[PDB]
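S.K.: We have chain A; now place chains B, C, D, E, F, G, H and I with the ligands onto it with these hints.
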Amino acid sequence: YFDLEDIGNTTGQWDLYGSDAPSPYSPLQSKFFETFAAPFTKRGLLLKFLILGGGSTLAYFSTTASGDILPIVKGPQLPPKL
Amino acid sequence: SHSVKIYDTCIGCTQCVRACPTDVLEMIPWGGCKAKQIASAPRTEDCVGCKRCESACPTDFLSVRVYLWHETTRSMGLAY
Amino acid sequence: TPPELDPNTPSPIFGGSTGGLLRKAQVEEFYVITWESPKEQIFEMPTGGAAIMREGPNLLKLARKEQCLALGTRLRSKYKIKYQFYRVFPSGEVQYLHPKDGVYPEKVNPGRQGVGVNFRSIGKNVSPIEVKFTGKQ
Amino acid sequence: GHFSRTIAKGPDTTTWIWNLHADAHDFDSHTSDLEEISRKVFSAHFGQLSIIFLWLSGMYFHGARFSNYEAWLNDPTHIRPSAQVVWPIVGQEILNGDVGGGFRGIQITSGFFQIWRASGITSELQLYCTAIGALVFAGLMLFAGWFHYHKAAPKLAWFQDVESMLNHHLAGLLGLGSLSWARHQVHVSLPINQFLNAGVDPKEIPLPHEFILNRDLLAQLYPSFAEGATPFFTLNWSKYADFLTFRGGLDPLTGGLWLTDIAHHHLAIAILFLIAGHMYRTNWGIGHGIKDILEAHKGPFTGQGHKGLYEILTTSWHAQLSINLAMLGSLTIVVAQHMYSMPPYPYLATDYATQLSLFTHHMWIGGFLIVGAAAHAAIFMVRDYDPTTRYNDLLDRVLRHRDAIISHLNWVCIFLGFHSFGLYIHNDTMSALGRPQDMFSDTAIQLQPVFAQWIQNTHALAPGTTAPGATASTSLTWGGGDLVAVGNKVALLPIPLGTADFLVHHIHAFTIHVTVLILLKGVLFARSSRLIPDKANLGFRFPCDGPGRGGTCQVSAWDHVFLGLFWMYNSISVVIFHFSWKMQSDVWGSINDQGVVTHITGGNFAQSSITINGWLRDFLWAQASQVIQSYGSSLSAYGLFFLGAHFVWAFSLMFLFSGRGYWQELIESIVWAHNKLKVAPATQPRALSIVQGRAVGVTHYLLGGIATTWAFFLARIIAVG
Amino acid sequence: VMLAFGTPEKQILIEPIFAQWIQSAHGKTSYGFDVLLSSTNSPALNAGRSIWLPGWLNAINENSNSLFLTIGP
Amino acid sequence: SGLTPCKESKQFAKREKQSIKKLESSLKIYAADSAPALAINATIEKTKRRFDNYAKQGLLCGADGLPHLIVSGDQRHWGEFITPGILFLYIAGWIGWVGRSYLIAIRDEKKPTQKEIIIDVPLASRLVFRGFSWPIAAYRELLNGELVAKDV
Amino acid sequence: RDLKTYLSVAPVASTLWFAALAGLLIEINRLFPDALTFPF
Amino acid sequence: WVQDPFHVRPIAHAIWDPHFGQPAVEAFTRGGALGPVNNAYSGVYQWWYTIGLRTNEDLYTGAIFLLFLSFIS
Amino acid sequence: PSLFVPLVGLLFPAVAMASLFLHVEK
Ligand code: CLA
Ligand code: CLA
Ligand code: CLA
Ligand SMILES: CCCCCCCCCCCCCCCC(=O)OC[C@H](COP(=O)(O)OC[C@@H](O)CO)OC(=O)CCCCCCCCCCCCCCC
Ligand SMILES: CC1=C(/C=C/C(C)=C/C=C/C(C)=C\C=C\C=C(C)\C=C\C=C(C)\C=C\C2=C(C)CCCC2(C)C)C(C)(C)CCC1
Ligand code: SF4
Ligand code: SF4
Ligand code: SF4
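Residue numbers (the authors' numbering), protein chains in the order written: chain A, 57 to 138; chain B, 2 to 81; chain C, 71 to 207; chain D, 38 to 758; chain E, 442 to 514; chain F, 80 to 231; chain G, 2 to 41; chain H, 77 to 149; chain I, 5 to 30.
Isolated chain A, as found in the complex:
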């Protein structure tokens, strides 16, 4: 009934489902976020920061009192033939 070689888009599911909403905005509080979230918006630079943020994992394990790394002590079993 409605196929138009002119517009190939409506013909296909090209249309954004009504879930799209191109409406206004949100409060001015954004002016704050835009200021402090800027260094993480660069990409690639952020890729690196997070990977080198893996330096946290090293720091957290080099220093860790309560993970089972001690026997605590025992007298070991010989044991099948010593």
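Calculated from the structure, these hints are not laboratory results. There could be a bad hint or two in this list.
Each computed SDA-like pair below joins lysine to any residue, with the alpha-carbon atoms no more than 25 angstroms apart [as the list claims (entries may be wrong)]:
#1 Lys127(F) - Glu28(G)
#2 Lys344(D) - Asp421(D)
#3 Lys451(E) - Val122(D)
#4 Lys229(F) - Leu703(D)
#5 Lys137(A) - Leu7(I)
#6 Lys127(F) - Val476(E)
#7 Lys130(A) - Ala22(I)
#8 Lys96(F) - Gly144(F)
#9 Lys451(E) - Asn30(G)
#10 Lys194(C) - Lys206(C)
#11 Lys344(D) - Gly86(C)
#12 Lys192(D) - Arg318(D)
#13 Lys713(D) - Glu188(F)
#14 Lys150(C) - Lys104(A)
M.R.: Structure of chains B, C, D, E, F, G, H and I with the ligands alone, referenced to chain A:
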């Protein structure tokens, strides 16, 4: 895409064409057999490689041979 | 032969399905098929079930090409109906395939060109050979 | 192919022989004449009934001449039920073992002994007659099929009158059948068994017919029978309540349901099926047009609905067969779970060997039939689905959003699989690393099945409150503080539900959902698919459509039944395992003088069935010791069949992991060796077809697998129970 | 079958007499075979000329090592 | 042959006694004169008999106390393999020769496959006994026991 | 009556043949059980 | 291990796993090691001892030499 | 010491899997 070939050992029974669901083959005027026809493979781009054509061939061993080569969406038979 | 071309035609009655086009159509390709019915009949429709055929030009859009032929080969049987389908593309364009020659591929026609015909006969193929090609040229 | 002329034609390859049997019963492929088919299957049912009738005759006959039933009757607690005897040839006689009663025979698990005691049967004389009566019936049934195919075959119009058939089957067969049996109970079963429970001895029991003739003998007990006029015609009915009651629970001396209740049950069931029998329209006005009523239901969601169904279910056998197989199988399953929880036979629950094998047998039969529903449902789509002539609309939409249903069901299985099997892999890992606090256990982070525990709680407090007439509970698994102990064995006991019980139920949720997925996917996409737009033209049983499209192997609806067949095995196989361990661990056992109960495995289910290693050790490795140590004893055959099944099973993997292209090329070399020595058969040897190799594969897999547990279980409970 | 039937004396237990003949041919004095390196007169064992044989023949008749174990049905 | 004959065996002799005692244990609960009685006692005599026979015929018996067969070809133990083996090949050939003789007779004329699925031709004219002398197939070998179509 | 014979001449023939073979073998074993050798 | 090849278990390497519970670290502490280790079943101890390796220092020099051999490859 | 390295043996998969992903989609 897939590579299909026809051989002069054909007898022009046209069953390979009727078997194809994508329309990869067709009949051709020729002087080699009594039917004076021969299979042709012009549209290999639409070939999916299912070998339905081979299972209709009556020649002692196939006159039409499908050689599965590079894969494409059409050959992969994808609808998405 | 001159391709007839398709402009606008009504679609057959159906009501919807989940086997229709999806994204591929938008960005790669989609195939449409046209056939004329002497009666508002009922046909199976692949990728779904039950659709009324309609009477008139009848235009349907599908994907994979094969879906169109399946319908077309069922359309030629059961009902004595002629049909034709094309590949739409995403930016207009007019590629018309099948019948093409205007006479069915199974029926021998006068000027087609062989394309990939080997006059050697099978079993007489060679063995490689590190050079380009496989020997079934 | 005897059935078809071209098929019969001539044999050129061995494939002809395999085809001949494969399509022997495929009646709708031999003719397009619906009447001819219907006539064929109707006669086939007679031939079936003859075989099962003959089957029954042999069970009664063997019970008479080759059994120690009489011996078992006087001492049911520690006499082993045994029918059939083995001739002393090539060392066979070892299978004849001590079963008590001074008799040498193989211990049985069919449960006929418990059935016969309930029926009030006392002598081999009585069993002898019933065997002959069955044979006489077998002669009739076989003759009846010959008469209705060659002499007087019904019209298609005859079979199509479904209304008349419905009315009868759920009234003439069900109602009067229940009623007729209800009479035998209170006149024969109840009187005689009442004596048997008083330790009177069978030969000292009067003959059943003496109870019927003179009321005197039957009236001294159950004194409601005393009145000749009977209070029935007075319509007070309160007086009758002595021979029938709503007591429920379990008799503490015989361990079965009170026959005092089953008689009342059938009395109700009978007329309930007699009334419901008067529903559909026939000839004398009063009744329903099922065609009309079906049409009435329609909906904003369904649009036209059910319209046209009556046409479909009156012209397509596969449609009716699928529905029937789906529920007859489902019925067999609920039968298994009702006979274990509510033991209906005298000295049945006490006989642990019979109960395990009864529950397990019904689970497989029920499981198989349901899988068969998938097949014929798919066969209907390929062979009988025609929108032009028989549109439904319900079927439509379903086909319309079929990519939706499967995709969702696909997700649920992944959610279930993770949230079932994953928990076990969690527990297996936390226990191996030495941290049981972490595991999903009753001792650690517990996942209590409070919903199931709540339903059981209300069943316990049901008698008196929401069930005044009920003196006791429905089943003692819902009892609370009750305990029945027949002999030194425990008949039944309240079954607890813990975190270990939460996991296993979620595994059954899983296995069933996946089995549904595989089967349902094959039915909907039986005709068309994005991959194969014309699958319906390839048929229902075809191997493939070539290596094209990346590979289209097992796209057939047949192959979906093939894949779902293994999964139905995987499914039940773990239900029966759940049953076996739970009953042995928390129910079955011996009760002492003080009242202390010791179970067979000693309550190790709760903390050891939460681990995979726990099933592999505390269950398999532990409970196998019987089967693998049965050599030189009466259970010798089970040990062999245990090994024999492991073989036919690994033998299946040969067919399943390979293809026929290899085999055909191998045969070529073998045919050459034959041609050299003039020993080449004119019927050229061919490999099995692609589809047959799958059929051969799954059969042996199921056989070897099923058979292997059979020997597992039957060796376990006999040596222990 | 017979062990199931409780009759292990009906088994087919073929003695690997060919292989046991090889073992005796190596120096094992088990079995009554009288073959090379364990026989009564031959060019083979005396070709030992001490050296390997005395230390090695000690090793073959060791009931502890895996050097030529005892074999059967 | 570290085995010492079943006669001077203490294990194989002990094994006999062990088996019959277990059988005797079973008849104690049935009371003689009864059916399960003979069946047990009949089993016992067969047990004694087979143990008795094995010692007669030789049979070496290992340390385990069970007879071990010797297939080396030793004349002392020919009855353990060679003589039954000769008997097998005889019947094995006989079957082979009769079967081959059948498919050959069928091939000329008729529909050959008809005879294969259905053989309402029994031993043909009289083909079975032809196997009584199969070994004379050695003389069929010097002529045309094999077809010359493929290789030699 | 030609018909019954043929009927008995299909794969059933195999059952009859193997039943006859089994009977022979079993009876042989009755007269000579526990045979581990041919001693004559 | 060298000082008593009969009654000591060779050590492949140490174990370091955060998922290990205390009973795990417990059970795997063997061969006179300060922490949980794996009992070597590759027979490298017998091989290295037989060819003449007696100290840890010797083992290190071999590791360095192989690391160097790995480079020139 | 040995409690610093098995994690970089797990930082490495994070790095490797990320890099390879970029390589294969390019
Ligand atoms: C009384 C003797 C008798 C005779 C001479 C015939 C003769 C015939 N019948 Mg009839 N039939 C009979 C009894 C008889 N029948 C009975 C008692 C029934 C009711 C079940 C039938 C139901 C019947 C049907 C539905 C059909 C025939 C047909 C035929 C014709 C073809 C034969 C055939 O089907 O192929 C094969 C011959 C066989 C004997 C097949 C074997 C089937 C039997 C019942 C197997 C027994 C079950 C077995 C024990 C299962 C366990 C196996 C276990 C060992 C593994 C032929 C004229 C067919 C026809 O008319 O052709 C179009 C046909 O459609 N018969
Ligand atoms: C309600 C009962 C019922 C009825 C009346 C039918 C009827 C039919 N079925 Mg169905 N089926 C059923 C249940 C039923 N089925 C169930 C529960 C399943 C799931 C397992 C199936 C799965 C199924 C498939 C996949 C197919 C059918 C097909 C058919 C049709 C013909 C096939 C045929 O002749 O059999 C042929 C009989 C054989 C080939 C014998 C095979 C050997 C058996 C399986 C071995 C059994 C082992 C034995 C029990 C134990 C070992 C014994 C041994 C060691 C001696 C016929 C209409 C076929 C069809 O195309 O429909 C038209 C088809 O392909 N059925
Ligand atoms: C336990 C499972 C199993 C068994 C028994 C076999 C057996 C065999 N395989 Mg197989 N295979 C298997 C699994 C198995 N395979 C698996 C999982 C794979 C990977 C996919 C393969 C891949 C494979 C390949 C690639 C090949 C084989 C081949 C063979 C044959 C080798 C010939 C031989 O040694 O003895 C002969 C036969 C046997 C030892 C078993 C026969 C079974 C019994 C003994 C027959 C007696 C029947 C008895 C009377 C029962 C009657 C039943 C009754 C209902 C009638 C043999 C039949 C080769 C072959 O075909 O050589 C010719 C070969 O090419 N196999
Ligand atoms: C948190 C605990 C509370 C429980 C609520 C959540 C659990 C139950 C799941 C909600 C499902 C909603 C059912 C609506 C009741 C319902 O089914 O409505 C039925 C509705 C009615 O249609 P009509 O009114 O047309 O029906 C009449 C005619 O159509 C037929 O003649 O039909 C449809 O919804 C069509 C679309 C199917 C809807 C598919 C959803 C299927 C859910 C799958 C889960 C099955 C669970 C079974 C467990 C035993
Ligand atoms: C002496 C002896 C021994 C040895 C043996 C040997 C070592 C040998 C050999 C052998 C050989 C190495 C042989 C060979 C060969 C060959 C050939 C080349 C063949 C052939 C054949 C044929 C040709 C056959 C045919 C036929 C017949 C005649 C019958 C039937 C079948 C047919 C028909 C199949 C031992 C010591 C062990 C034991 C003791 C004794
Ligand atoms: S393989 Fe399939 S698509 Fe290709 S030529 Fe053959 S039938 Fe056509
Ligand atoms: S099937 Fe073979 S012979 Fe027939 S038309 Fe095709 S190529 Fe020619
Ligand atoms: S191997 Fe078999 S199933 Fe797979 S593509 Fe080839 S023919 Fe089809």
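S.K.: Which hints from the list above does the structure break, by number from lowest to highest?
M.R.: The structure breaks hints 5, 6, 7 and 14; every other hint is satisfied.
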